[PDB]
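Next comes just one chain, in structure tokens: the form deposited without the ligand.
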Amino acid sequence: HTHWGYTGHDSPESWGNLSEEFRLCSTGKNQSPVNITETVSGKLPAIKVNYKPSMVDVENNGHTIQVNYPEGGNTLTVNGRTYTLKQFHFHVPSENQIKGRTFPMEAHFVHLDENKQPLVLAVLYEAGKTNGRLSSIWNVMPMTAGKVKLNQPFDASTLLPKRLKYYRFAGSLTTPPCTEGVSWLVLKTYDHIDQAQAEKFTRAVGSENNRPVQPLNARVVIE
């Protein structure tokens, strides 16, 4: 596709101008990420997560470190609707902010339902002790653009907190073409990582990979 990045001439502020296909990045009114400040308290449906030990591959596509799921079986159910986990990746530092706070890292679990409707479940990481559950992925992390098949099974359920309360809002993909119509569920409970793990990620990717926050406009964030 058309080349884009986080630094230089093809930075986020230039995404909508580097290709007609990326126009929504600059003209969209329902863009992600956002800075969650004010919220409307509401009775949100409980999410049911059904992740399991699976055979996955880890790739460095030059924009992030992504863990792919070629086989089905890992799903998230919310309000009677089932979404299949396609992949999960990270951003260092975080893209979304809570009351203006940027976190060391943020993970995005990308799902699709039967009708190709996208849903992103987000996990924020605070600076703290080493994350032992991410060690498997970090150990085989391609330091240059490429894909490697994780030989041992990986269970993404280990990456989710016990309590699944979340913030909900409508948004878009945070990378070109910035497609809208994406459901965003940001978990309110944070996980942790150390400086070394975050630094290694930036090394592999080549730069910080977070898109600046976008205005909420007509949207409200439910909590």
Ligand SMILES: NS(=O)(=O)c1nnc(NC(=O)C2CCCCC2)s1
Contents of the next structure:
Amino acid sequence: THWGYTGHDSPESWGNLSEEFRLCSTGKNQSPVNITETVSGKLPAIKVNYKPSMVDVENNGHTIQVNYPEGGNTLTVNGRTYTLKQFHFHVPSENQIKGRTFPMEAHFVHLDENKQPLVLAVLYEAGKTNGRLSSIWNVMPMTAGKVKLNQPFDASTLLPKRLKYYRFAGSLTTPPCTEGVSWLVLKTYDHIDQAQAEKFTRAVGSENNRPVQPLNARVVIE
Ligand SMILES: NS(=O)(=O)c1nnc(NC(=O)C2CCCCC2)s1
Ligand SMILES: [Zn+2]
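Starting from the form deposited without the ligand above, please write out the structure of the form solved in complex with the ligand.
Below is the whole assembly, all chains and molecules, this chain first.
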């Protein structure tokens, strides 16, 4: 079932496109969000266990995605271990800090041993070229399709050494907009060239950010 971010199947509409997309419009704990007021708490430390792996790079029509066939890239938070499935990108940013939208956002999507989903978000401010992403941008499929990268890729290089985060509970930002997703949103920003962002957008064919959704009852810890 066709969906996108412009025209007639835009997010404002996802709910009605089929009956299994319905939480997109009826959900009360939907992502993304504007992080304005927060509650200062002592959050458990992120331990990252990323290493180089043989990824491959996909334009699925909505984002540019880096798929991890094997485990081995994990994340430990508060005892539970969370395995990296893929990462992908929204231009511009989906989530906001104090009303501010960033040139780009990355999403590291994990599953624990119970299939409880965790998204680890990185926010990219304007600046110099991102040299650590250049490897993905080079083979970036500019239409729907998959290219399998010859050289191992190391996502360890895409995360900060400083790992403070915002913690709220949410949903997928894409249909079926499934809830029960944990959102860790990192505070130390990375950077992108304007050229890297235009090129992403060429590939995908539009701005691929879902508008922010009401927090309703939710507190964002920081
Ligand atoms: N825009 S986003 O909320 O971060 C999203 N992230 N993942 C989304 N779906 C997936 O990853 C599927 C494939 C592999 C792992 C879970 C299910 S949607
Ligand atoms: Zn995403």
